[PDB]
Every structure is written in C-alpha cells, then in structure tokens.
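First up is the structure itself, then whatever we jot down about it.
Note that one protein chain is taken out, while the other chains of the complex remain in position.
In this document, chain identifiers A, B, C, D, E, F, G, H and I correspond to the written order of the chains, with residue numbering beginning at 1 in each.
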Amino acid sequence: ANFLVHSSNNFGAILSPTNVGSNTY
Amino acid sequence: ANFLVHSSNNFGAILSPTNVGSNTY
Amino acid sequence: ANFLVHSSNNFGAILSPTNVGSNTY
Amino acid sequence: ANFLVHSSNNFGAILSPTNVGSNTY
Amino acid sequence: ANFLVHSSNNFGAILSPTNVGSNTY
Amino acid sequence: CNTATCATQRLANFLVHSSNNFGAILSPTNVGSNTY
Amino acid sequence: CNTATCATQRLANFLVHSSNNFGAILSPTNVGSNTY
Amino acid sequence: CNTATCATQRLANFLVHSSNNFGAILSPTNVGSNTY
Amino acid sequence: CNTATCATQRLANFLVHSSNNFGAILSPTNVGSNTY
Partner (left out) sequence: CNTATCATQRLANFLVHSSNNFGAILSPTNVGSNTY
C-alpha cells in the first residue's frame, strides 16, 4: 500500500482517521 | 492500494474517516 | 484500488466516511 | 476501482458516506 | 507499505490518527 | 467585531489584462468559519 | 476586534498582466477560523 | 485587537507582469485560527 | 494589540516580472494562531 502526499498548505487531516477503533495502514 | 494526494490548501479531511469502527487502508 | 486527489481548496470531506461501522479501503 | 478527484473548492462530501454500516472501497 | 510526504506548509495532520485504539503502520 | 469571526477581503483600484487562460484569475475564497 | 477572530486581507492599486495561464493568478484564501 | 486573533495581510501599489504560468501567482492565505 | 495574537504581513510598492513559472510566485501565508 503506497502512500504519496504533496501538501502545499494543510490545515486539516490528510490520512489521519479520528476517533476510530482498530486502525491499520 | 496506491494513494496519491496533491492538496493545495486543505481545511478538512481528505482520506481520514471519523467516528468509525475497524478501519483498514 | 488506486486513489488520486487534486484538491485546490478543501473545507469538507473527500474520501473520509463519518459515523460508519467496519470501513476498508 | 480507480478514484479521481479534482476538487476546486469543496465544502461538503465527495466520496465520504455518512451514518452507514459496513463500508468498503 | 511505502510512505512518501512532500509537505510545503503543514498546519494539521498528515498520517497521524488521533484518539484511536490499536494503530499499526 | 465583538466575539465574532469576521473574515474580510478587499480588492480595489486594479487592472487585470489576460490573453489566454485555462484556470481562475480572480476567485478569492472567504470563509467566516469552518466547523468539522 | 474584541475577542473576535477577524482575519483580513487587502489588495489595492495594482496591475496584473498575463499572456498565457493554466492556474490561478488571483485567488487569495481568507478563513476566519477552522475548527476540527 | 483585544484578546482576538486578528491575522492580517496587505498587498498594495504593485505591478505583476506574467507571460506563461502553470501555478498560482497571487494566492495569499490568511487564517485567523486553526483548531485541531 | 492587547493580549491578542495579531500576526501581520505587508507587501507594497514592488514589481514582479515572470516569463515561465511552474509554482507559486506570491503566496504568502498568514496564520494568527495554530492550536493542536
């Protein structure tokens, strides 16, 4: 599972789940 | 599962589920 | 499952389910 | 299942189901 | 699972889940 | 403003000349508040 | 401003000349507040 | 400003000349506050 | 400013000439406060 992010000006989430149970990448 | 993000100016979620159970990428 | 996002100015969700059960990408 | 998003100015959901059961991409 | 980030000006999360249970990369 | 998120922008007394264009040239975005 | 997030921007008395363009040239973003 | 996050920017009395462009040339970002 | 995070920037009386560009040329970022 390849992940690529080219963020210029981030103010929130990108690949970041919130209030979850079992999380896996 | 390839992920690509080119975010210019983010203020919310992109690939980030909220209030979920078992999450997997 | 390939994912591509070119977000210019995001203020909400893109690929981020909310209040779900078992989520998988 | 290929996903492509070119969002200019988002204020709501795009590919983000809400209040669902078992979700899969 | 390869991870790549090219962040220009970050103010939020990128690959950082919050308030989760068992997290694994 | 009193206890009020009052984001403002102003553009004035300018001139924009374009010959060919494929995207926005004047699309400022103003958001008072974003709750998630 | 009193206890108020009052983000402001101003553009004035300028001139922008363009010949070919594929992206934004004047799209400033103003956000009073972002709650996540 | 009194107890108020009051971020401001100003652009004035300038001239921008462009011939070919593929990205932004004037897209300043102003955010009063970002809560996460 | 009184007890207020009041970040400011100013650009004035300048001239920018460009011929080919693939990224931003004037995209200053102003953030009053960032809480995480």
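Quick notes on this structure:
As a convention for this text, a residue touches a chain if its C-beta (ideal position, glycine included) is under 8 Å from a C-beta of that chain, and two chains touch if they have at least 3 such contacts.
Screening E:9, E:18 or E:23 against the full complex identifies E:9 as the residue touching the chain left out.
If you put the missing chain back, the residues of chain I touching it would be 1-36.
Please note the rule applied: only the chains that are shown with their structure count from here on.
The chains in contact with chain D and with chain I alike: there are none.
If you compare A-H with C-D, the chain pair joined by more contacting C-beta pairs is C-D.
Chain E and chain I have Cα centroids lying 26 Å from one another. Rounded to a whole number, the gap between the C-alpha centres of chain H and chain I is 5 angstrom. Between the CA-based centres of chain F and chain I the separation comes to 14 Å, rounded to the whole angstrom. Counting partner chains per residue, chain H has residues 1-36 touching two or more of them.
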